[PDB]
Amino acid sequence: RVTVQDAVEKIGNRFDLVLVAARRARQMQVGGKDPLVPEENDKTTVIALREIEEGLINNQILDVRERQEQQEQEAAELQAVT
Amino acid sequence: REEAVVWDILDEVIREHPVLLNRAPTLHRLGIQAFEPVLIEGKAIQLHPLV
Amino acid sequence: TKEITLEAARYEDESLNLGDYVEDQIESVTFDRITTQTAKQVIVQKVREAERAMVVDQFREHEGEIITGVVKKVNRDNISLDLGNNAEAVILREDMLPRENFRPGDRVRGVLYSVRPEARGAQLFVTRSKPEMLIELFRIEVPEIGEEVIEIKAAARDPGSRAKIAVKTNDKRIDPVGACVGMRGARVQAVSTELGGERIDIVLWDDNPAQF
Amino acid sequence: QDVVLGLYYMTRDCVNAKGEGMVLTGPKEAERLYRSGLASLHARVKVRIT
Amino acid sequence: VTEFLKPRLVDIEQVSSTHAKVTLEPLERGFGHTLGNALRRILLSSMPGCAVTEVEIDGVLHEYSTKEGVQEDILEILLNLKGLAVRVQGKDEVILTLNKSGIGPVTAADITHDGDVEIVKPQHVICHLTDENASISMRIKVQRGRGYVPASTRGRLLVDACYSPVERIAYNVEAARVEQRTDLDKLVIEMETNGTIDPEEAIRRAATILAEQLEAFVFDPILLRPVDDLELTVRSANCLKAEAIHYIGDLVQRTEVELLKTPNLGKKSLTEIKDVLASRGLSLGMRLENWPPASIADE
Amino acid sequence: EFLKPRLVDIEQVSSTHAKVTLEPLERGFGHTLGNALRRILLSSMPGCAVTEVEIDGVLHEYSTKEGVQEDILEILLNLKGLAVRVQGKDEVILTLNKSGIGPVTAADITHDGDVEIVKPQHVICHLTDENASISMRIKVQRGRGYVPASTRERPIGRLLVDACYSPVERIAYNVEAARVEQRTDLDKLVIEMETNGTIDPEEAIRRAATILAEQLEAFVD
Numbered sequence: 003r004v005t006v007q008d009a010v011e012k013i014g015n016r017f018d019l020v021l022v023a024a025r026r027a028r029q030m031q032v033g034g035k036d037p038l039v040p041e042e043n044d045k046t047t048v049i050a051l052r053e054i055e056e057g058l059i060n061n062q063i064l065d066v067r068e069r070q071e072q073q074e075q076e077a078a079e080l081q082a083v084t
Numbered sequence: 403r404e405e406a407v408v409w410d411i412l413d414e415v416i417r418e419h420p421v422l423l424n425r426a427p428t429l430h431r432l433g434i435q436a437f438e439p440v441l442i443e444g445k446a447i448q449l450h451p452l453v
Numbered sequence: 072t073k074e075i076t077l078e079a080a081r082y083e084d085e086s087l088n089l090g091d092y093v094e095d096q097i098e099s100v101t102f103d104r105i106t107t108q109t110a111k112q113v114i115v116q117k118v119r120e121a122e123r124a125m126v127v128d129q130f131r132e133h134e135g136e137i138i139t140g141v142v143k144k145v146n147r148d149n150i151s152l153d154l155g156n157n158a159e160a161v162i163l164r165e166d167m168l169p170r171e172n173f174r175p176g177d178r179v180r181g182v183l184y185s186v187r188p189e190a191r192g193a194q195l196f197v198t199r200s201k202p203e204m205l206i207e208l209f210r211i212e213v214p215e216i217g218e219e220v221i222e223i224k225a226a227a228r229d230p231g232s233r234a235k236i237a238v239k240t241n242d243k244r245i246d247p248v249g250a251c252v253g254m255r256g257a258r259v260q261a262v263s264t265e266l267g268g269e270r271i272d273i274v275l276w277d278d279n280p281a282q283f
Numbered sequence: 504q505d506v507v508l509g510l511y512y513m514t515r516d517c518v519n520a521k522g523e524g525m526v527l528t529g530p531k532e533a534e535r536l537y538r539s540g541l542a543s544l545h546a547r548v549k550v551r552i553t
Numbered sequence: 005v006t007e008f009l010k011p012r013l014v015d016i017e018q019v020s021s022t023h024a025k026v027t028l029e030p031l032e033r034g035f036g037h038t039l040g041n042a043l044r045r046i047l048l049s050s051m052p053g054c055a056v057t058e059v060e061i062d063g064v065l066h067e068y069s070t071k072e073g074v075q076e077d078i079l080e081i082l083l084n085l086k087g088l089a090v091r092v093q094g095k096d097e098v099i100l101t102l103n104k105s106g107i108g109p110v111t112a113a114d115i116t117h118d119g120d121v122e123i124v125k126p127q128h129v130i131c132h133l134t135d136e137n138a139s140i141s142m143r144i145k146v147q148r149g150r151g152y153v154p155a156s157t158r169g170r171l172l173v174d175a176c177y178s179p180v181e182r183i184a185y186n187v188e189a190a191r192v193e194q195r196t197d198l199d200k201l202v203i204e205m206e207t208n209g210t211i212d213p214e215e216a217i218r219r220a221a222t223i224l225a226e227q228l229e230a231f232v249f250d251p252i253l254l255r256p257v258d259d260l261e262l263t264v265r266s267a268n269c270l271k272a273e274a275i276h277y278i279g280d281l282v283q284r285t286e287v288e289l290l291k292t293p294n295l296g297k298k299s300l301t302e303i304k305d306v307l308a309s310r311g312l313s314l315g316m317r318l319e320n321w322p323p324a325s326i327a328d329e
Numbered sequence: 007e008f009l010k011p012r013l014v015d016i017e018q019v020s021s022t023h024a025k026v027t028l029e030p031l032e033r034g035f036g037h038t039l040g041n042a043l044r045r046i047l048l049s050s051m052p053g054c055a056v057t058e059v060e061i062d063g064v065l066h067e068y069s070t071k072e073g074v075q076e077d078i079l080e081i082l083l084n085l086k087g088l089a090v091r092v093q094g095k096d097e098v099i100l101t102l103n104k105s106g107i108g109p110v111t112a113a114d115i116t117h118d119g120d121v122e123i124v125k126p127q128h129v130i131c132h133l134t135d136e137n138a139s140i141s142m143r144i145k146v147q148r149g150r151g152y153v154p155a156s157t158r165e166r167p168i169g170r171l172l173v174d175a176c177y178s179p180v181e182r183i184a185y186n187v188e189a190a191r192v193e194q195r196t197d198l199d200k201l202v203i204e205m206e207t208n209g210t211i212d213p214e215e216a217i218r219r220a221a222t223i224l225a226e227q228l229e230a231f232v233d
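Residue numbers (the authors' numbering), protein chains in the order written: chain A, 3 to 84; chain B, 403 to 453; chain C, 72 to 283; chain D, 504 to 553; chain E, 5 to 158, 169 to 232, 249 to 329; chain F, 7 to 158, 165 to 233.
Treat the hints as calculated values from the structure; they're not laboratory data. Since no wrong hints were added, every one of them can be taken at face value.
Here are the simulated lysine-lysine pairs, DSBU-like style, with alpha carbons at most 30 Å apart: (1) D/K549 <-> E/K71; (2) E/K291 <-> C/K73; (3) A/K35 <-> C/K144; (4) D/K531 <-> E/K25.
Start from the sequences, fold in the hints, and give me the full structure.
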């Protein structure tokens with residue numbers, strides 16, 4: 003990793019890049035989620051920006067996945083209750 | 403004690419982790435920059451010349 | 072500093088025999104003001120070693136069982152669980168499901184297989200992916216199996232995906248799969264969302280291997 | 504400072520040096536001519552560039 | 005004192021078959037430059053190979069002239085014939101003809117064959133015939149040599175011959191690390207070839223040349255030690271010396287506590303005896319023939 | 007069919023330095039073998055320098071001994087410059103005893119059966135009274151390169173000097189044109205070394221060629 007130019011080419015604000023990559027790295031580090039790109043024993047920050055460069059992560063997809071994996075948890079709870 | 407295994411730990415924690423270098427009279431905003439360290443036998447900070 | 076022979080025992084008129092641990096020396100103490108919170112510290116160290124031995128004996132009492140637990144810490148390719156009576160268990164990521172990811176605050180149950188030689192005691196290593204893992208899982212739901220009413224032979228199942236298993240029964244209006252399923256998959260749903268979304272299935276074992 | 508002196512010494516021309524006026528099949532053998540002493544560094548030469 | 009760190013090449017990270025990037029690690033401090041410089045001067049200066057030396061056209065007498073029906077000048081076609089890469093059997097010279105009256109380019113497949121000549125790239129373009137009433141014809145000579153011989157040193171034209179297979183070689187000695195070794199050298203070679211040989215075998219032939227240019231140059251110890259050499263005070267050894275025993279091997283020759291059947295040993299002497307074992311060195315109840323075991327041999 | 011270098015003439019023009027001569031060489035190999043053997047000879051050659059000194063009445067190296075006009079530190083520098091050959095050992099312990107007014111030269115060391123001093127006129131210190139005598143033990147060992155004191165002593169009476177295990181001083185090659193053998197464009201490599209007497213010159217060029225051919229073993233057959 004040297005430059006983050008295409009990670010700004012795909013998220014034009016350059017400040018939303020930091021929020022999306024921080025949210026992604028916090029999901030990968032403590033929450034225990036797998037990276038969507040195969041790593042090379044990089045740290046979670048570079049894996050976050052490496053997922054940004056592929057395009058498969060931004061704030062839209064992160065909100066989609068948090069709503070679907072919150073509805074999945076509450077659906078599992080409701081089907082366990084009733 | 404600095405035993406023989408902690409240098410491997412240190413090469414595994416430096417790897418993708420920036421530091422901030424700072425010259426003491428910071429005049430403009432290029433006076434604070436961020437690098438990725440390389441371990442040096444010695445006691446000085448080797449700093450790229452163009453920078 | 073711990074060596075005698077019979078020729079050296081000839082000075083004691085051959086009173087010593089071969090192999091004894093005959094003590095012939097003494098030692099003192101290491102002090103004062105000082106050396107005694109380091110002695111407090113070493114007293115603590117010795118107490119800790121004794122506690123480790125006690126924990127090993129406690130884990131040897133059971134020697135692997137279908138016990139549950141609650142996650143507390145999340146290590147790299149490892150899950151720390153906290154049971155009762157100040158007990159902790161380590162969940163290997165290699166013995167875990169690929170997609171099924173666990174976090175802190177969740178309660179998982181499985182069969183441990185490590186209470187003998189581990190590391191400074193007995194690191195409780197469970198395996199929530201083995202067949203015997205769900206052997207009493209269905210027994211916890213339908214009690215018939217527990218009271219020898221649902222003949223359950225093998226459990227050829229792949230935890231983390233599909234879990235189809237056949238079961239036999241003594242012809243006495245029992246209906247094995249039925250009891251395992253329940254009212255509209257009542258108990259079936261329990262195992263379905265038990266350790267994780269699994270495609271559990273039950274087959275009415277007929278007779279011999281041909282029907283298997 | 505050092506690097507502009509290196510580039511200012513690297514690209515100039517003097518009117519007669521070693522390897523004068525010969526023609527070259529690209530910059531690769533230009534480096535192969537300078538590293539073996541058969542041609543001086545600033546001596547004007549026709550080369551082929553792409 | 006002679007056994008250095010001896011390397012092996014850790015990877016050959018290669019681009020397409022006539023270009024490679026060969027690394028070397030770990031080398032002793034200061035040896036990256038001497039091996040890079042030795043291999044660089046041998047490859048870049050003196051390799052065996054074959055290339056074009058001189059090309060005489062049937063109707064050209066001069067370096068800077070023109071032919072009817074040709075795009076390029078004759079200067080640019082001599083640039084194009086420098087880039088030709090020919091591998092030859094043990095014929096020193098061999099000569100080739102290029103009679104062609106066609107329309108379009110002149111590829112390398114339009115050159116005559118004549119057996120031993122083997123061309124590596126038929127994609128290569130010598131010149132372009134712009135018409136149909138024109139014809140190219142030349143006596144293109146290849147001649148085996150050992151370096152790079154320009155034309156300003158040697169109806170005939172001259173070509174800068176390029177005998178050696180290499181085109182670009184460079185090294186970049188970066189720093190490597192071993193566990194408790196402070197600073198070393200890691201060699202990195204970057205290299206192209208013209209195509210007549212892959213780069214790995216070029217390094218192997220350079221090393222073979224440089225190696226052929228150098229073939230005209232190239249018992250228990252404390253027991254045999256004295257009892258007076260023991261770590262304890264001298265009275266402990268003097269108890270053994272009461273039987274005129276000065277070396278601990280002879281003290282070992284009588285079983286561990288044989289000295290207990292003698293009043294020359296006292297109360298503190300027995301404590302010294304048990305102490306004087308240190309790291310299981312003496313008084314373990316030994317037995318030899320007289321003095322020497324196998325490693326106590328005469329040499 | 008490259009012509010191979012063979013040693014032809016070893017002109018021992020003085021006791022320290024000599025001029026070995028390699029002939030013949032094809033053009034280009036002169037500077038290659040010259041720079042290569044120069045860099046090996048300056049880099050890593052087995053020398054025989056000194057490591058530990060224990061002067062008798064001296065606790066630490068910053069003290070002064072009664073009756074010698076140099077400090078103990080200057081005695082350590084003068085012993086650091088000691089040029090000594092050993093023959094059949096790893097390390098060796100030399101013993102020095104001297105009493106009386108005048109210098110303590112390097113020939114006053116009680117030599118063992120294999121240690122050989124190569125420059126016996128070397129001054130260490132100057133005793134300066136009628137009953138004032140030094141009596142030291144010197145530890146001389148093999149090595150390679152420069153091993154200082156900070157990298158590598166158990167009692168308080170040992171004194172550690174730095175260790176410059178390096179026998180050569182100045183290696184200069186001068187390539188030049190070669191005569192008959194009935195072929196021109198051949199070269200002669202004339203290497204004037206500068207030894208301190210502890211290393212034979214043909215042994216030096218032989219060890220340098222062995223080290224370089226060991227380095228090319230990584231990718232030769």
